[PDB]
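The data below hold one chain only, encoded as structure tokens and taken in the form deposited without the partner chain.
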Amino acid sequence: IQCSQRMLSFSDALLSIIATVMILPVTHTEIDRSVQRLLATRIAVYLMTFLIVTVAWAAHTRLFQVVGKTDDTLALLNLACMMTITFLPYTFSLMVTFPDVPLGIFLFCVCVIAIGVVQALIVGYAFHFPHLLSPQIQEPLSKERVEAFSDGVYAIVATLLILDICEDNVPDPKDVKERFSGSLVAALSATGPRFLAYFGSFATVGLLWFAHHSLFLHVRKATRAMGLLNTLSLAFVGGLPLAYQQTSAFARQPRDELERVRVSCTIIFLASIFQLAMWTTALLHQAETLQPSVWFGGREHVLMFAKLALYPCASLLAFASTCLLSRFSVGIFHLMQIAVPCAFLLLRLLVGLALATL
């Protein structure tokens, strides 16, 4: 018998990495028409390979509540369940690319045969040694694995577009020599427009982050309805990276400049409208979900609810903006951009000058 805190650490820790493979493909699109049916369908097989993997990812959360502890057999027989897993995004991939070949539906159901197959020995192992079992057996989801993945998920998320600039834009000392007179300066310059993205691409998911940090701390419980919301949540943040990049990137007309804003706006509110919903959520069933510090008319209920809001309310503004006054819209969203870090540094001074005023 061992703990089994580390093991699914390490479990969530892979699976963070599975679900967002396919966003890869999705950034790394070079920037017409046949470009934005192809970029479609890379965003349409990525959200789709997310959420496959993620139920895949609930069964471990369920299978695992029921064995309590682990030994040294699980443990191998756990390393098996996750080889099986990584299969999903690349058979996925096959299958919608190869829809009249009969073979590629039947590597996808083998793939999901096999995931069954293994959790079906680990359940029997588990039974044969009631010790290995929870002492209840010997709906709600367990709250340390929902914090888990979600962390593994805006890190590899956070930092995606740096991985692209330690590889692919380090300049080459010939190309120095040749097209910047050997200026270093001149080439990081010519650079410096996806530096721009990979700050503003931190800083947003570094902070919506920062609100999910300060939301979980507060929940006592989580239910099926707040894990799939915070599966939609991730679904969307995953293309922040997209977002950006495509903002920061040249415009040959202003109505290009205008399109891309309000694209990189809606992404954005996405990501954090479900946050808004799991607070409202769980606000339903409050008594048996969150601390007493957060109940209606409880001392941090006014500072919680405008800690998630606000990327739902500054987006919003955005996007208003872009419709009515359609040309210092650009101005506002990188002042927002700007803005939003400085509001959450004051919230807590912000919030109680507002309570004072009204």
Second form
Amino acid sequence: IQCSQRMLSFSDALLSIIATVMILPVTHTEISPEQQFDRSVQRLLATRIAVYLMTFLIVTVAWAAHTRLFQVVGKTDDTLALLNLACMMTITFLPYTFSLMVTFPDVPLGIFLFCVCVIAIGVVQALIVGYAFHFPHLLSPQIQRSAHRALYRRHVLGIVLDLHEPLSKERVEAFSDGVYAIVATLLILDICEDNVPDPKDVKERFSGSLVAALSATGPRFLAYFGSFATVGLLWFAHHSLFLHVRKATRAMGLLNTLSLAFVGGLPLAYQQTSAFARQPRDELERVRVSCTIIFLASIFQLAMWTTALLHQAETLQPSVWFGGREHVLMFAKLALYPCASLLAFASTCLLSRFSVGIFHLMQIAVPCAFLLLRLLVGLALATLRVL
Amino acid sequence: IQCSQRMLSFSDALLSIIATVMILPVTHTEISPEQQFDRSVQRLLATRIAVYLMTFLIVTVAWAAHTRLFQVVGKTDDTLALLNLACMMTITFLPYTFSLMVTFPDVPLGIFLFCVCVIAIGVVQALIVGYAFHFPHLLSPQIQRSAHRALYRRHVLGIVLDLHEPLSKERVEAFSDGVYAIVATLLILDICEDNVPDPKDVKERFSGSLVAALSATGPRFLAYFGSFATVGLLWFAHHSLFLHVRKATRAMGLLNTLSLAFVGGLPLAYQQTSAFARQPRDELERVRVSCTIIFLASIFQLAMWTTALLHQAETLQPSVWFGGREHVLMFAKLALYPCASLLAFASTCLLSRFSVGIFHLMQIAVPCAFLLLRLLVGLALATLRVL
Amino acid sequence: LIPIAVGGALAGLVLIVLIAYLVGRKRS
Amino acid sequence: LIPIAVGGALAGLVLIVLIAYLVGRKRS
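Could you please show the structure of the form deposited with the partner chain bound, as a counterpart to the form deposited without the partner chain just displayed?
Now the complete complex, all chains and molecules, led by this one.
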């Protein structure tokens, strides 16, 4: 018997990696389909993106089940820790099994394997629940303290084999941190992994000028800089939001999951945007994709905050309630990215020929706006105080 | 002003990924140098391994500096959060810059870039310290509460520009969790990424038999299973150890860093071991490498625990002190892997022809020993307590 | 065409978010 | 040869760990 907080943190660290495993193929795709190979490369990329989204949602469902499981339970020991490790091992196969099933939907073997993996996860979770209930001290204080323990003996056991449901705020934060950390550094792993100039390559195709090779690699560095900045600032908005949240309802969990699923695409968006256009006309499409992905990433954080405001009395700290001290600041912080991305996207059509410039200007303005947001909001409130 | 715990957790999540970035090239190496191409492939692999170890140690030094920096500082706000994000962005270039320098030691550009990156990290940390001190409420309660604040104004600022030093236990746990989670799932990312059978490949080289294609990948699945089991059980030993630690001295931090650096190699060890030997003599080397890597990974956890016992009065909880209730159990839990790996390694020389069988038996037995360790220790202490 | 379509979809998303904001405001 | 050398190195490592254990025991 001991505190289970750390093993849950490790479980979230594993679940973030497993959920975001499937973006690696997407970012390793053929970014430059020269000779107009788009006709097939884009179909392949769409298949990979669909697989990534589906696997992320499935693994997030598994994580939700896991957090509820270790929310009826409230303690740990060697046996529970090892059972949780086994459950985590059985969850890591969901991405591969689902990808195999999607690749071979006709062959029954893929679906059989996916069903076997799901049944295994359920079996290990049922084992965890049974072990926890056989030793009553391991349950959460309420479950063991309550004389209604007999019905709880069946409730979640049946569940393993709704928008007001309180999720674990700490575990939502941990999973979000893991996903943001993975996504922000997603495409520096690529640069470190394969983008170190080989001595022979610089000698032959650059005449021995290392700076020429570094310049050739430059675009990937620009992509990484933009992607890290965007994802880190989205995480900053997320962190500011959850600092003022007292409870996380399942609606907030769903909106957070959508936000993370759409955040996962930012590395691809910036990687495409830095692969400068052979025909500048499609740079408009690249910028549109980047802006729409950023908006989808951030608008769901804003939607989560508003869904929380719907019950702020019980869900949000007083500092952020309607008319609170930091309500206006919170709204500005959460809506800074949606508004900027939407304005840039509109510029892609109404002011198309300057769209790349406006997008690169937004990438520089939004960080400064976040840095100066307190002062800007103070100025805005002073202006709309006499006027 | 608010609690900085979550931003530190995100910093640790980033630092774990950055520290373990360099193992990806190592595990993506040419595992099967057929025709005895070892003469060059092993030189390449050794170069990659040396680069990985050096980058891990450098990034761990950066993480140590970061944790002391946000140990003198004890608050967060928008400005500090954004400065920390900038510092993290500047730290993510240490692996790439160091690899570039090592690849081109003669060319001054690589060393210049590495020095620029280090200076940038130092500059951002100095900015964080200056901002924190200009607003004294952001410092830790002790530093701001102290009347000698003027000396601390200079101490850590000079540091940014000892074996008894208390490290942050929470952040050591967070970094360890990140590294263990990354390493355990390291070689399932590759399986998902490029090991899903293509429809045409099964059609041509397997006549349309998907089961044959899956059997072809079988060895890598066994490698993943073994690697996840070993790394998860090492994490379980780590988690049990730190559940009973009250303070983490810098000696414990150093030993933990060595343990993690050697844990990072387990995926490669199991990947080589599962690539069954083309001759009986070759499997012995793979088994020896696996056993020595496992021993190096776990013996440093044991060494950390003993270094803690050296000051148990102030460093370890009473339940683990000499003669404590769980002291024997803690020793058994920490020494289970060192002893098992050492015996399996000795079996490679004294009982060589059965070495692979003994190694697989160790893989099957160590998990069971951990699961039953409480009962076995109870039986042993009942036996050698009357007899 | 399609750029304006997805722009309208995004405008609808922000509009529904604002509607939720105002519903919360009145519920306060 | 080298397998015995690294085995001896590992034996030395476990020996030094045990020495630290005993030093802590006496210091208790």
